[PDB]
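Before any questions on how it binds or moves, here is one chain, the form solved without the named molecule, in structure tokens.
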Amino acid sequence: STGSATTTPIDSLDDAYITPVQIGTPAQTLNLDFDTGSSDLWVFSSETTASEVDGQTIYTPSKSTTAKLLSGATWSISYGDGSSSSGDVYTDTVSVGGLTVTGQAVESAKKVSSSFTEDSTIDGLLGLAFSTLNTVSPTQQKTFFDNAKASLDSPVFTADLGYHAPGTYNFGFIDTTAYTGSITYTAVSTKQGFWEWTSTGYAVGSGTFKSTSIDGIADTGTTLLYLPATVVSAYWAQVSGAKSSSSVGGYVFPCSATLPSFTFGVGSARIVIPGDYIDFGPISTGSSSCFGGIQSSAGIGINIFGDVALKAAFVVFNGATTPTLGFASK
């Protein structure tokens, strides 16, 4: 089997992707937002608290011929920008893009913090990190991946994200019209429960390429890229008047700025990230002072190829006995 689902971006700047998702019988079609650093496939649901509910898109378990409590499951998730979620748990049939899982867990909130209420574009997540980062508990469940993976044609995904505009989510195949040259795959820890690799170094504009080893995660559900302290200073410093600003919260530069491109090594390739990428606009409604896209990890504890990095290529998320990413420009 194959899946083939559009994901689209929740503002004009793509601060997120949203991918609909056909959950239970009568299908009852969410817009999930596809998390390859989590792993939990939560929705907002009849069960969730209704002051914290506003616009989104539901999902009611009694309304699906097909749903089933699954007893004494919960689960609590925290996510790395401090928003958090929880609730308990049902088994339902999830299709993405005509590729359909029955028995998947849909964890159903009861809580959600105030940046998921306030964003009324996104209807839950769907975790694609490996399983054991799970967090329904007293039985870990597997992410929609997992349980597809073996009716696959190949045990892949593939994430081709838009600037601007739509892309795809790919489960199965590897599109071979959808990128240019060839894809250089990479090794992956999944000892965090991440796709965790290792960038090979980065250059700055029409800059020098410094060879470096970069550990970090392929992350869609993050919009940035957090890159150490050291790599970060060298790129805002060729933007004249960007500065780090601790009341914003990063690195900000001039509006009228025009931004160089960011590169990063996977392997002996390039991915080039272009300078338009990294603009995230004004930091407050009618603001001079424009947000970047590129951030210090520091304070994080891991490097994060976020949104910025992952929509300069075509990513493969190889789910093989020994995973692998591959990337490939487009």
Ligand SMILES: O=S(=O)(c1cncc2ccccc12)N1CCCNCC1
Second form
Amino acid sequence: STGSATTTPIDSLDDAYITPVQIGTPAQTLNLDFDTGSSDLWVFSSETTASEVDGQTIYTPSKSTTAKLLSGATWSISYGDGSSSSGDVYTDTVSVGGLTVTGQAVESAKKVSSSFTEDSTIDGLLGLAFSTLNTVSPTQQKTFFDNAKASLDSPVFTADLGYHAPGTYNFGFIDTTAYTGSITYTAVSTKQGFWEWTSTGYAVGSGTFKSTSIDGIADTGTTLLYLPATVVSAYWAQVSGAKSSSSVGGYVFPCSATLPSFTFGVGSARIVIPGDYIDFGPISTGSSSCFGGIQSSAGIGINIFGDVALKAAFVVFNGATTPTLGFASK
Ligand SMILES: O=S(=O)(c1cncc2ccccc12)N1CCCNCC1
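With the form solved without the named molecule already on screen, would you show the form solved in complex with the named molecule?
Once more the chain from above appears, this time first in line as the rest of the complex follows.
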């Protein structure tokens, strides 16, 4: 089997991407944030505290004839930005882009933190990291991909995120028309439960490529590109007037600037992020200071190849017995 679904930016800045997912019988379609950095499929629901729902579409398990409460199971997740959610667990039928999994754990939120409530465009998350990170207790549950894998034509999924445009998540096949050149594959460590890999270096604009190992994760659920302070300083030094702002929480730059590209290495291959992909717009409405899309990972404890990086590539998440990651230009 295979599946293919369009993923759409939630706003004009590509702050996140949503993909429609069918849950239950009859189907309830929710727009979920596919997140290769986490491993829970959780949704706003009829059980979510009413004051914490503000415009999201909810899953109502009592209206699904295939939903079954998973007895005694709860979940609770705390993301690296301080946001969180928790609740109970149903199993139900879940379909993405024509690919159907029966018995998928659907984590129904009883509580969500304020930043989820405040984003009416995201109805939940669909985790695509390794199932070792799933938070369901006392019996950990499998991700949608792990449940689908054996049925797929090939045990893979691909992320093709658009810049200011729709894109695609495919399951079970590689669309050879969706990229240019070749796909370069690179080793993955699953030791932290992530799609963790080592980039071979970077360049800023037309500058010389610096060969240096940068360990990080391929994370579709993180908006920005978080890299070591030395690398980020070298990038923003090429933008006149850019500065790290403690009050804002990162590098900012004059909105009138033209940003240089940023290149990262995948083996001997190179992925070029155009400068425009690094502009996240005014820091507050009407400001002429703009937020940068490349930020320091210092004190995160890991480097994160988030959407800013991934949307410059066609990305293969190869879930074979020994997982690997593939990157192609597009
Ligand atoms: O998806 S999130 O970007 C995230 C968290 N809270 C609220 C949000 C509101 C809108 C869009 C995204 C949000 N996220 C959770 C997984 C990735 N880790 C980083 C933080």
